[PDB]
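A single chain comes next, written as structure tokens; it is the form deposited without the named molecule.
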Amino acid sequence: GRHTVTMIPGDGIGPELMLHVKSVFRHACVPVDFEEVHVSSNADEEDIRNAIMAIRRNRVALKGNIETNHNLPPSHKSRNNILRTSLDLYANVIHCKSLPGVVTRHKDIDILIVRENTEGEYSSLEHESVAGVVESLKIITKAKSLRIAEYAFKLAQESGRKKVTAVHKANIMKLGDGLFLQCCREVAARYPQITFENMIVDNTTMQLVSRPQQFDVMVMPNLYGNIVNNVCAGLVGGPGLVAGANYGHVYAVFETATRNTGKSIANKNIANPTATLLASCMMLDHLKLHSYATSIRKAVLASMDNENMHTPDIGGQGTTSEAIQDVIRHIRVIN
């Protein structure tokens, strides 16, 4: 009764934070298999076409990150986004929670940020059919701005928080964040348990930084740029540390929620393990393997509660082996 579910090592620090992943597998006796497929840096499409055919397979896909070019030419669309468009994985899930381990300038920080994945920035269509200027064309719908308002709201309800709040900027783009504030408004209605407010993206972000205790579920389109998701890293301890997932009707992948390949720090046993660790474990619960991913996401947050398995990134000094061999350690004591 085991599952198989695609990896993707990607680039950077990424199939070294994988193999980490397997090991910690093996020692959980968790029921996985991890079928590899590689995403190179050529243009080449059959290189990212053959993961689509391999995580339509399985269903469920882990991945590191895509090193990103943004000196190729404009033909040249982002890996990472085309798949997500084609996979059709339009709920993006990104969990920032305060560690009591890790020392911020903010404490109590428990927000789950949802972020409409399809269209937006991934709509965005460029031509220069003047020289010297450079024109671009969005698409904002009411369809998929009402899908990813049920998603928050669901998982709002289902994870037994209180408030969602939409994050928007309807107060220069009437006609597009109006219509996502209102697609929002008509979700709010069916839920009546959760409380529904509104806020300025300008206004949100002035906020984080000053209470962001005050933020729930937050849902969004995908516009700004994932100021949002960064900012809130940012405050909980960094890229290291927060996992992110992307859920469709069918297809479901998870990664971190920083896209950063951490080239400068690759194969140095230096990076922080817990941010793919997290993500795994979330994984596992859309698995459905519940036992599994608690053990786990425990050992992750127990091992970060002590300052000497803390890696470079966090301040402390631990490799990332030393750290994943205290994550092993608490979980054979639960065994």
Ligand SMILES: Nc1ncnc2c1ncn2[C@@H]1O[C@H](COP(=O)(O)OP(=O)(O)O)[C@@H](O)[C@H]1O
Contents of the next structure:
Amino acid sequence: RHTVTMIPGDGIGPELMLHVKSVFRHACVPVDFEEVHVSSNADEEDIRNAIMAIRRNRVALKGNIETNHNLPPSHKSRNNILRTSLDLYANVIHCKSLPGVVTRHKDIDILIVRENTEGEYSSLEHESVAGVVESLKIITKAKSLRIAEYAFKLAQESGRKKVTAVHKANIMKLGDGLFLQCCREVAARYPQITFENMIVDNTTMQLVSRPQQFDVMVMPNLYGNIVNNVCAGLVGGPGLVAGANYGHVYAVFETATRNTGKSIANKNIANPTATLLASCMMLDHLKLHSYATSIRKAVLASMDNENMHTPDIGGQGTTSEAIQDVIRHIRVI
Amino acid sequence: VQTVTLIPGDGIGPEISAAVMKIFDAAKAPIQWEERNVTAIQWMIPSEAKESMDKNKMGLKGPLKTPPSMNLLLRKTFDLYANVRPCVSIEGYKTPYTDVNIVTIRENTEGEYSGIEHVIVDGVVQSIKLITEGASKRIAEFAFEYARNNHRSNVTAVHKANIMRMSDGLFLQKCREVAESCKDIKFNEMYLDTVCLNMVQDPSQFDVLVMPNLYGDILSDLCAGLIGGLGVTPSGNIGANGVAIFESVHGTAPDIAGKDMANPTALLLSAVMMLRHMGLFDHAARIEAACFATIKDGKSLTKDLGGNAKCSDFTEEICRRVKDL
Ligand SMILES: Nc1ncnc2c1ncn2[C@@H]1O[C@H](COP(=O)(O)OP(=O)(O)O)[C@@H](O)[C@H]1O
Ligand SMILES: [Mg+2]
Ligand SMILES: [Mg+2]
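Please supply the corresponding structure for the form solved in complex with the named molecule (the preceding block corresponds to the form deposited without the named molecule).
All chains and molecules follow, beginning with the one already shown.
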């Protein structure tokens, strides 16, 4: 019996956590959820508490915390505060075409490894004179090496052939330059893995026309945000793909695209697939593989029946109908 | 009769510039060309080609071989602050996206192309993203003016003010301020990751997009990929003193540089864009319609668009079709 931190988050986060728990009880999952909430206040009490809870349990499942960008710079993203403080350096998502979800592209199977702690997300800005703002993108050798190390290790453990570094080192020559250097330094230790690089501009252009060429992709923080979203979209959108945040000692599971879903909150139409799949990845990490594969099979099977599809993938079904259908593939195991 | 300074550029450039001029002549366009050459002298463009553009206020540019980048200089020389990219699905050239009708409006002076980086210590690098009141205001007013003048209804500011609160929030604040003045254009704001997310799913939900330098650099190529690539995509840089340079953004293509095979579409469509900027709507339309019909017919498609015909043939058919008005 494991104790896991659960941050419900905002928008559709709370309602989906409820379905997660329902599914967990019905599958007899030996996991207790220890809920911690993160409000809207500029006061960082809630967020530091959440961080401390994850330090004990070392594993969390969270919804997306709203960041109000009309607030002052000192009020920072709680999502970002969290993963930077816990040093969850690796953000990994797996975008794979779902045979039941027909889109404009097929045979997409891409692993995206995104640097999760520095780059454009360092929250370093200032106003030297009135109306002249500088923001400071930070690229380091230590963090670039570990992200690259993680990307190559994953590729060879998964039986995958190619790692593509995406960057803009033709413009940010020193910054993105160093990131490349660190990827190359790691590449030397993996002669079996084909290493390529590609400019983020070209990468997106390639993704919308021939995304099948990509196998494993490693990149700095912002470009990760971009590529993750393009890739989720190609396979059918934000309700489908799960997302992991790994540190050396901690792991936090969430939906790939990190969407609050405020505009569809409480209307029983949120797609549950992404969150369920995140919760399975968490089970696999907690070494509860039997329960993972059991829940994973049900949600992937519910995906085949196009009658159980929510609006974000063309269907008209509700969240609760999908949960029923998932719970039903479980109670027949 | 109006004068445009023509920069034929490199590799396949001279060819496709020759193709455009020829088609323009076939259309009886009120345009004569003032051929110049830009090569960095020891760093600035030749003295006698700057004055040429200062004179004409209006220029057309082929693909340029790079290393000091020639585009950086031209940008700085003429203060070309707005990069404009209309992406529209080509009926003769099917991609998985058939309903794309988008204009990306890119701030082209500052943002993350500040030029400034430092090695803080060994293995720790800082790249400065720079955002100012004036440049952000300038680009916002351009985007709304463009919206109005080109029969456009929605403008979306694309940002990450959630993550980059001071810089992007400032950019966003100037867009919001301009929006209040131009109430006849509908304004909304969207996170960059959400724009990408929706763009690859349903491009039709967007109209005009305004954004800082790196985002628009990236997003403009994304949009190009929706409609068939860089070889078919028009682009214009609008600057200070009413100056504008329209350009092809594809490669130099040295492999086929003088062996025909080159595709003039993108430049021609930039030249059509130029024409519309000049008020020559009738000529723009005819050349555009001609180009389109040629592509749709699909007889004289160049090797990149899947055909077998050479540049000469493709140009000839456009010329032939334009003459029928
Ligand atoms: N699980 C989901 N099911 C259906 N639509 C979703 C889901 N998650 C996100 N979306 C949609 O994806 C879009 C972007 O999400 P959004 O709520 O704007 O994220 P954020 O507030 O973090 O920027 C929205 O249209 C949202 O309704
Ligand atoms: Mg979010
Ligand atoms: Mg570009």
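Here the rigid core means the biggest group of C-alpha atoms that line up within 1.5 Å when the two forms are laid on top of each other. Residue numbers count along the first chain shown, from 1.
With the two forms fitted on their core, the C-alpha shifts between these two forms stay under 2 Å for all of 223, 102, 228, 87 except 223.
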